[PDB]
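Novice: All chains, please: the whole structure from these sequences, using the hints.
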Amino acid sequence: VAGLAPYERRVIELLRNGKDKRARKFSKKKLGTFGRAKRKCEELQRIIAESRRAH
Amino acid sequence: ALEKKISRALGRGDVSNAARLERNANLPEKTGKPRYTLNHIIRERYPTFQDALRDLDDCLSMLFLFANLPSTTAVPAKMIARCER
Amino acid sequence: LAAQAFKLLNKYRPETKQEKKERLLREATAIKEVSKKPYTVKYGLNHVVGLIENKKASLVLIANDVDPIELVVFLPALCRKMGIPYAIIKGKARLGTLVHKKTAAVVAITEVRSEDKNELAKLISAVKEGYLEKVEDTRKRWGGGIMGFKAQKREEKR
Amino acid sequence: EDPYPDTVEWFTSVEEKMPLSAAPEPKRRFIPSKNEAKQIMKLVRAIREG
Amino acid sequence: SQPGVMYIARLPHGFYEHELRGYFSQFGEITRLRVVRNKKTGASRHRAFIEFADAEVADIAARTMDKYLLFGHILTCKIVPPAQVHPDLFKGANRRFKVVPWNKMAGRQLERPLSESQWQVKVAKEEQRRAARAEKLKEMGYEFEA
Amino acid sequence: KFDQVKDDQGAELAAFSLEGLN
Amino acid sequence: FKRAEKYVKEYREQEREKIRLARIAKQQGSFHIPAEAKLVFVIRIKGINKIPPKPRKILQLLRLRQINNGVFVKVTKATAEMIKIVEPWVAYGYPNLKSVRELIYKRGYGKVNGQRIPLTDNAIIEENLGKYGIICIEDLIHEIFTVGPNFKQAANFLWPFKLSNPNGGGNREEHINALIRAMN
Amino acid sequence: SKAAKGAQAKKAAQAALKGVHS
Amino acid sequence: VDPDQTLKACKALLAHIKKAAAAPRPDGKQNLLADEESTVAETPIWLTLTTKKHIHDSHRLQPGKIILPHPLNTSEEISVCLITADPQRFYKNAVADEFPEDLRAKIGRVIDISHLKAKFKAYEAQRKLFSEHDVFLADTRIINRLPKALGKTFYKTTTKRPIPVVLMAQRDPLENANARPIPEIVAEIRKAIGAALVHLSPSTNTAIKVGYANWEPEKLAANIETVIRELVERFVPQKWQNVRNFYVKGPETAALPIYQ
RNA sequence: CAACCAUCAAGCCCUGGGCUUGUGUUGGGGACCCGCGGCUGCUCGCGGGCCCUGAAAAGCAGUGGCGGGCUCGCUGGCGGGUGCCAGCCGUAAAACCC
Numbered sequence: 056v057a058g059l060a061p062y063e064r065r066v067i068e069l070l071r072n073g074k075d076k077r078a079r080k081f082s083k084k085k086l087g088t089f090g091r092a093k094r095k096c097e098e099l100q101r102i103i104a105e106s107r108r109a110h
Numbered sequence: 086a087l088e089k090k091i092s093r094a095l096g097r098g099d100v101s102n103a104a105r106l107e108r109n110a111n112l113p114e115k116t117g118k119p120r121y122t123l124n125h126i127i128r129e130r131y132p133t134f135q136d137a138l139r140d141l142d143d144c145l146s147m148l149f150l151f152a153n154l155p156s157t158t159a160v161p162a163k164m165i166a167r168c169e170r
Numbered sequence: 089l090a091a092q093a094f095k096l097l098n099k100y101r102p103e104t105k106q107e108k109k110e111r112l113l114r115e116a117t118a119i120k121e128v129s130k131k132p133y134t135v136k137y138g139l140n141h142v143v144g145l146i147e148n149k150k151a152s153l154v155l156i157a158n159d160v161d162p163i164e165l166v167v168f169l170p171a172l173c174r175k176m177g178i179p180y181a182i183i184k185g186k187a188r189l190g191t192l193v194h195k196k197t198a199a200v201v202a203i204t205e206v207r208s209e210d211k212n213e214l215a216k217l218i219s220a221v222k223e224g225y226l227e228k229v230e231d232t233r234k235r236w237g238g239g240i241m242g243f244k245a246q247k248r249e250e251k252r
Numbered sequence: 252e253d254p255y256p257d258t259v260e261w262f263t264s265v266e267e268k269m270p271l272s273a274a275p276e277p278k279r280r281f282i283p284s285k286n287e288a289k290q291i292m293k294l295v296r297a298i299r300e301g
Numbered sequence: 184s185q186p187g188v189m190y191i192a193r194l195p196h197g198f199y200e201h202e203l204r205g206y207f208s209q210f211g212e213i214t215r216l217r218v219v220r221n222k223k224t225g226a227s228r229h230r231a232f233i234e235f236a237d238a239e240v241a242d243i244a245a246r247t248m249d250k251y252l253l254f255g256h257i258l259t260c261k262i263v264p265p266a267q268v269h270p271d272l273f274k275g276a277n278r279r280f281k282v283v284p285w286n287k288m289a290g291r292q293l294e295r296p297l298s299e300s301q302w303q304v305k306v307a308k309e310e311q312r313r314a315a316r317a318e319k320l321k322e323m324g325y326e327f328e329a
Numbered sequence: 256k257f258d259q260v261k262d263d264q265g266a267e268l269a270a271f272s273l274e275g276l277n
Numbered sequence: 051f052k053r054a055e056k057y058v059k060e061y062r063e064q065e066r067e068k069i070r071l072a073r074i075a076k077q078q079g080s081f082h083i084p085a086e087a088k089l090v091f092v093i094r095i096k097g098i099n100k101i102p103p104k105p106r107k108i109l110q111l112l113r114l115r116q117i118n119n120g121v122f123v124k125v126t127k128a129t130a131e132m133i134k135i136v137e138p139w140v141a142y143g144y145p146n147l148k149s150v151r152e153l154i155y156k157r158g159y160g161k162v163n164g165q166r167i168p169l170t171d172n173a174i175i176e177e178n179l180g181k182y183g184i185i186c187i188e189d190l191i192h193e194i195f196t197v198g199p200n201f202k203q204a205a206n207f208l209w210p211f212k213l214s215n216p217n218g219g235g236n237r238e239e240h241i242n243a244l245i246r247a248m249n
Numbered sequence: 012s013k014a015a016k017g018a019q020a021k022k023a024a025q026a027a028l029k030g031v032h033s
Numbered sequence: 018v019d020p021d022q023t024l025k026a027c028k029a030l031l032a033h034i035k036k037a038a039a040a041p042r043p044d045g046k047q048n049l050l051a052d053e054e055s056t057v058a059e060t061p062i063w064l065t066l067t068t069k070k071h072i073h074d075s076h077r078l079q080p081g082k083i084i085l086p087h088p089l090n091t092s093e094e095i096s097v098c099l100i101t102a103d104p105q106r107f108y109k110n111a112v113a114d115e116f117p118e119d120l121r122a123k124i125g126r127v128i129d130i131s132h133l134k135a136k137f138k139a140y141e142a143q144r145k146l147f148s149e150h151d152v153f154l155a156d157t158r159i160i161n162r163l164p165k166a167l168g169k170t171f172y173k174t175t176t177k178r179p180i181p182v183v184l185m186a187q206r207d208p209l210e211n212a213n214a215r216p217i218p219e220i221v222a223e224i225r226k227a228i229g230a231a232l233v234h235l236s237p238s239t240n241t242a243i244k245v246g247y248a249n250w251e252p253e254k255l256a257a258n259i260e261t262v263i264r265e266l267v268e269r270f271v272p273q274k275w276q277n278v279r280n281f282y283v284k285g286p287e288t289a290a291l292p293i294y295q
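Protein chains in written order, with PDB author numbering: chain E, 56 to 110; chain X, 86 to 170; chain Z, 89 to 121, 128 to 252; chain P, 252 to 301; chain G, 184 to 329; chain Y, 256 to 277; chain B, 51 to 219, 235 to 249; chain L, 12 to 33; chain V, 18 to 187, 206 to 295.
Hints were generated in silico from the structure; no laboratory data involved. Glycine included, C-beta positions come from ideal geometry on N, C-alpha and C. Errors might be hidden in some of the hints.
[What the hints assert, rightly or not] Okay, the calculated beta carbon distance ranges per label pair:
#1 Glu107/Z to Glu300/P: 18 to 26 Å
#2 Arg73/B to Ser92/X: 42 to 50 Å
#3 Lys96/B to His125/X: 45 to 53 Å
[Said to hold, decoys possible] Below 27 Å or equal to it, Euclidean Cα-Cα: the simulated DSSO-like pairs (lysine-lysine) are:
#4 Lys250/G to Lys228/Z
#5 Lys321/G to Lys177/V
#6 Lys287/G to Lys177/V
#7 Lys177/V to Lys305/G
Specialist: In structure tokens form, the structure reads like this:
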């Protein structure tokens, strides 16, 4: 219902384009921790997969 | 404030609460009696039953006029009937 | 649709305090000198959202003017996913007059008596087709864009 | 980039068939109301006391 | 001048002929109207076709009246596309669809007596069908003398 | 005291009943 | 602006009214009342916006068009038939002596040359009727209460009574008295 | 002509969808 | 009318009914809810009356009842639904008090007309009630109201129509119903339950129930002969001058002729 | 967009049980059985029986007229038409209305 933050949407665009390394680096820069970056990439990835299934 | 409350009830559609509001109102269309209590002011106005008898001229004349007259919105048939009694 | 829903909701409006105390006194005097479950419209944000989560609700009505709007943002979506038909009506004031209050945020119909099974189902079908699909084709977009003449000229000059 | 994109209902596209909570329904939802029972009893007390 | 044809289904009882005329004319000019009924017993079968002068006002009426709960009936008012528009869609337009008491007449031709030649024709038909009945009923194991 | 049935039939002054002692 | 709910409601009202009118027309016009002619005062109330031709002509004969109109009438065979025909629009019953006296005294108007003047003067009353045996307003009152041969002329002369609209105050034999003080 | 018919049809639609009162 | 030919025709038709029932259904494929005995049973055999002129008279068209010497009703597992004018509570009180043997067992439901109008105005509801209950009784004060409360699918279509009863001894319904006493009510109800119904159609053709195939041919013959006498003597106008063909017919087979 | 038939009547038999006059019912579909009218005939109507059906839905509208209205002429009168009547009946005509 709420949507995505600007950085979350940026990482979504990066993951859709396939720049996984760039998305991980951007998430780390925005969050400050490798574990948080990995986790956020994980939720965003399942969101992308769920959107693909829904479409 | 009580007509404000009965308008509240009528606008909201609460027929039952409107009925209790008009019960509390004791309106002189069903009532046939005065809407207000004037005993204290009539006491102040007429210190003596002699003065009451003196004003009975206009009182009786005007009430007999109303016994003869038909009813309108301001003067209900019930209150005219009570004047006749 | 608003009028028909209001008709059914009024036929199921909750008991007011005067008549509730009156029926309590009725029962007390009966004890001095046999019923079924009351069916009434359910009101209250938390109560209605729990009812929807438990899928006990048959129809959901939502005020369009809840001045903390976050109280409602998730409610149409949760109704959609749950499956219960939902609609958004004008006036938390009308919700509060359907109930005997000043204002209500959400109104739920869960179960009604036998005589109005038919009209309950007919109202449900009417809403879930004629408002649900109509605002379902176009609800995933962004609104606004009502710029006037002066707005257009100002934007052109900018 | 489209600034303001249409929302995709990835999660709500699937209707959930079943209620969330498995907590058993308490007896009070199928038995009459003891709250009104106690209120009626208090009213009976008041009537007896006049 | 392109007329607009709109088909209205799930008609509540009584919202039929002058009702559609009045309400859709209160929208705008109506050139033709026809609510289809049943020839056996005069009664509408709950659907109708109307023809407005303008397809644009037809579209307006369609979207404003399409999903509309009236007396428990959810009407369906949708624009008949100009591609099909069957030529004989308004053959009985603007005329009564009168309630003809076919049962009453049939009984009354029965109650008028006939002529002797007609009577003997009826006797011949009746005896032929008696013979056919006897033929088909013998296999059951019954034979009627009369 | 005045009686309603006789008043309705038209007793008027005759409708009322007066008792000297309470 | 007027809506399909109103179209449907009006059509069904007309259909049911036509059906009921045909029912009475086919059935024998025999009411469960003694053959004696009675006196009944009838007040019409707005029941349906549109009225069928037979009730419209009956209401034309009874001159009850303007709002809250009432009039006295003879209970006989043809009048009972007309009343049963116009049943939804009229509310009727036996008047009281006090009721008729109060009605005539409070609200009384005379019809002369298509003019509606109040019953202020017995001189006006007699300049109007004069030779039929009426001598005053009380004479008209007694004629109406105890019908005589001049009842039709008296009914024609008296203007239909315009009762005040009440604020909340089929056939019933007696409650018309309560209703007449209610609207009076 | 056509504009007037469109305007009256829009007015009828507005009256049917939102009412006439206020 | 001749009883020997009537009896032999009924014998032959019933025998053909047993053969048709015993004949396996051609797809080599069987049922659950129909044993062969019950399949033979519960099959209506009736008689159709064809006359020579239109039956215009309204109360000739009206449904009537005939006291059949053996009760037309099976009284085995069917349910009868009765319609009441006023105190629903009182008539449930009466059915709960009076008679436990057969009225408990055949009276499935009883509904006040007000409750019927409130609860069953839906076409779905009326169709469901029609399918649910097996035979219907209603009071003469309610018979004329039924055509509007119950739709065509209940009244016009099928012979399963309410039978008039008299809940009349000789207004506030909470105060007191005006009804004739309970044992005599039960007698009237048993007469109605066993009393063959006769509905007349405006045209020259009608059909009257006479029995079920599981009975025996002499019972069928006596029942049909009494039905014939009652119909020819009480209902049909121009008693013997308008009379015509009587066909004895089974469920799905042909009909056997008798002439009058 | 409420409710609003007689929540019992009137007349009868053989006076105690009943009988009689009290018209009223959504529309469809099935590759099911029967009766009567017609069709030279297939078939079509009317009436039944057994099923499916959210108060569901995509032309198939066909049988004769009285009056009334909108008309075309001749002299307010008379004669031919009408996918016209929120009016009637059933083959005639009447009724209604004014």
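Novice: Indicate, hint by hint, whether the structure satisfies it.
Specialist: For each hint, the structure was consulted:
1. Taking the beta carbon of each, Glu107/Z and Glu300/P are about 24 Å apart, inside 18 to 26 Å as hinted.
2. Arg73/B and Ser92/X have their C-beta atoms about 45 Å apart, which keeps the hinted 42 to 50 Å range intact.
3. Between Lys96/B and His125/X the C-beta distance comes to about 46 Å, which sits within the given range of 45 to 53 Å.
4. Between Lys250/G and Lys228/Z, the direct Cα distance comes to roughly 9 Å. Compliance with the 27 Å bound is thereby established for this hinted pair.
5. For the given pair, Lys321/G sits about 33 Å from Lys177/V by alpha-carbon distance, which is inconsistent with the 27 Å threshold.
6. For the suggested pair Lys287/G and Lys177/V, the alpha carbons sit about 25 Å apart, so the restraint of at most 27 Å is met.
7. A C-alpha spacing of about 35 Å is found between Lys177/V and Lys305/G, which places the hinted pair above 27 Å, so the restraint is violated.
Checked against the numbered hints given earlier, the structure breaks hints 5 and 7 and satisfies all the rest.
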